[PDB]
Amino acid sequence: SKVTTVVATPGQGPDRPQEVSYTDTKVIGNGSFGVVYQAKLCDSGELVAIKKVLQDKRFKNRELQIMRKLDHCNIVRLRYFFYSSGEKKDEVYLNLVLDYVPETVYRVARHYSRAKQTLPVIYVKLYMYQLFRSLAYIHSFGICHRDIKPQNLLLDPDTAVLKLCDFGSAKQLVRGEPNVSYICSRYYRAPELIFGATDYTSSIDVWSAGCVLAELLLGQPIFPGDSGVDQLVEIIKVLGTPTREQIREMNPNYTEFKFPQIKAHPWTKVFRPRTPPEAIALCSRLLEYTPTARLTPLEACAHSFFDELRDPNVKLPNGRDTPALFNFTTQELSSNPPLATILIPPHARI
C-alpha cells in the first residue's frame, strides 16, 4: 500500500534515530487528545499504534516524557516518536509509535454483558493482576495514570496479556504540590475527586481499578450516575455513610455538607451468589473512603484472589500457558521489597 517512511527516535535508550517505514494506515480512535491510527511496520509485518497529538509550542509533551521513562510488560511501549505535518497547516504534530494490542476490557466486558454473561473469573484474575503490576510499576516513579477505565486496558485475546494505555492524563504527583480534580472518567472517580480534592495521591488509580474489578464481577458499573451526587449515592449505598473522619481524609472543606444516613451494606449482597469470597474481600479493600486505607497495587497483587495465578499448573482455558506474571524488578518491588516472598512463588524461583 501507500508506504510512509519517517526518521523516528527510539522511545527508550540511545537517542539514535531510525528510518521507520509503515503502511495500511487506518484510524482506530478519535478524541479530545487527537487521533490514534493502526499501521503495519513494512519491515516486520508487525502492527503498531500511532497516537498523533498536537505539539504545544510553549512546552515539551508531558505524555512523551512519561512514556520515555517506562518499560513494563503490562504497559503499552513507546517504540518510536517523531514530528509531522498533521491536519492543520503550519501546525506541528507529535506522533507516538506504540505497541498495538487488539482488544479492550471495555469491548470484552460489553460482549459478555450483551450476551447476559460474566467474564470467567480466571480472566478477571489475569486481567486485574496485570493491571495492578502496571500500577505498582508507574507508582514507583511517582506517576499516577489518573484515567483508569476499561477503555484504557488493552487485551490480547490469545495470550491473555493486558496492557495499560493512554498516558494523556498521567502525572508525577509530588506531596504539597496541588493537582486538578477534573481528571478521571465518570464511574471510576475516587470520592476525593468528586469532593474536588487537589491533594489526592496515586490511591485514586487503586479506587478506579477496584471499580473495574467490581464491574467485571457484576456485569455493569458498580457506581453509575450522570452527576457526582448520583455517583456518591451509589457509593454510600454500598460502603455506608462516610464518617466525619472519612470525609476529612478525602476533602476537608466538605466536612459540614450532609448526606443521607444509609447503613453499611454487606459486599456479599452486592455480587451474585457464586462470586469467590476473595473477589469480594479484594473489592472491600480497594474501594475504601480513606485513601490511605486502600491496598497498594503491589499489596493487591499479593492478595488471596490472585493465588490461582501463583499455582504452578495454572493454564489458560485455550490450553496456552499464562503470560509473564512473576518477572518483578527491584523498581516494581520498591514500595515493599518483602512482598516478593508471596509475589514470586517457589516454582518461579527454581
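Numbering follows the first chain given and starts at 1. For the two forms, the rigid core is made up of the largest set of C-alpha atoms that agree within 1.5 Å on superposition. What changes on going to the form deposited in another entry:
Taking the rigid core as fixed, one finds a CA shift for residue 321 smaller than 2 Å between these two forms. With a cut-off of 2 Å and the rigid core superposed, residue 311 has a Cα displacement that falls short of the cut-off between these two forms. A movement of the C-alpha atom of residue 26 falling short of 2 angstroms is seen between these two forms when the two forms are aligned on their rigid core.
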Given for the second form:
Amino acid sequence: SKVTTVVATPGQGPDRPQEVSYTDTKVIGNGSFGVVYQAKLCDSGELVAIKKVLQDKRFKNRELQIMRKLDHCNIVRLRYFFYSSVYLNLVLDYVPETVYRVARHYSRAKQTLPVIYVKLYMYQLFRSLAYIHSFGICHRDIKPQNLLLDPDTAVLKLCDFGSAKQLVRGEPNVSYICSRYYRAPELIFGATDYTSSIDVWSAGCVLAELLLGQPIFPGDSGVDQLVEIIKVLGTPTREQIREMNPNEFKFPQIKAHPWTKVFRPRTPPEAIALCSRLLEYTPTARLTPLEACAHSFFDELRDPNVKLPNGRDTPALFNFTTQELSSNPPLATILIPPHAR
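Could I see the form deposited in another entry next, after the form deposited in one PDB entry?
What follows is just the one chain, with no partners and no other molecules.
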C-alpha cells in the first residue's frame, strides 16, 4: 500500500509545516461534501480521516478558518491540513460510525435506540453546539449523518463544518440551508437573518428522530416541509411569523398536536419535555445548547454510578471549559456534578 508523504500544517500550532506520512488510504465517503478518506499515520499507528474539499487557488476557505479555531472533545479535531490536486485536505480524528447508520440499523431491525444512548449522544451534540455557539458559529447542517460515534466508548464527535459560518449580527445569510428534514421553519420562510438557534431546531429534529425511529418532519420537497411541521406544531401564528421572518406563502389554520401524542406511548417525559423546548416555531424560545444540557433529560448522565451497557465508564462529560460555561455561567451546580469537580 502506497505510503504517501505530504507537507502539512498542524491545526493548533503556528503555521509550521511538517512531513506527515500516511498509508492504508481508502475512500470511505464521496459526495456533496467532497471526498472523505481513511488513513493510518505511519509512525503513530493512529487512524485518521481526510476530507478532500474543493478549493480554487485563491479563494479563502471558511471551513478551515473555523476548523483551527476549535478544540472540543465532542468535535472532530483538525490534526493537520494540506494541499493537493487546488484542493484543501483536512486530516481529522477518525471516528468509526455515524448516528445516521446507527439509527438506521435500529430502524431496520424494528428496534428503538436505547434511551440512554439517546441521552449520551444528544448530550455531546448539545455540548458541542454550546461550544461553537459561544463563538457565534452556526453549524447549519446538524443532521444524523453529521454526528459521528465511537460505539464502544459512546463518544459523539460533531463533524462536517462545510456550511458553518461565523454569523454576523446585522448581516444576511442564505435561507436555503441545512438538510430538508432538519431545516428550521424560519429557514423555510426564507429568513435571511437567523440566529445560531436553527442548530438547536436541527438538534431537536435529531433527538425526535432517535425517539421515533424515523424523521419527525419528513417532507418530500422544500415547500412540503412546512406541511410536515404543521401536522405536529400547528399553524404558526402570524405573530410567530413576525418572530421568524418579517416580510410569501398562503396557509389555513391547522390545529396543534399535543406532545405526548407524537411519541410512541413509553417515551420518557423528560425526553418529550425537551423537544417541546427545542421544536419551537420561535427561535428565541428554543433553549440555548448550554441550557439544553442542564435539562432533566441528561440527569441519568449526572449520576456518579452511571455506566455504559458494556460495564464501562462514560466518556468525558464534565470537562467544561469556562469558555464553554459562558452563555450562562451560573449553571455549573446543575452541569458539573459533585464528583468531577
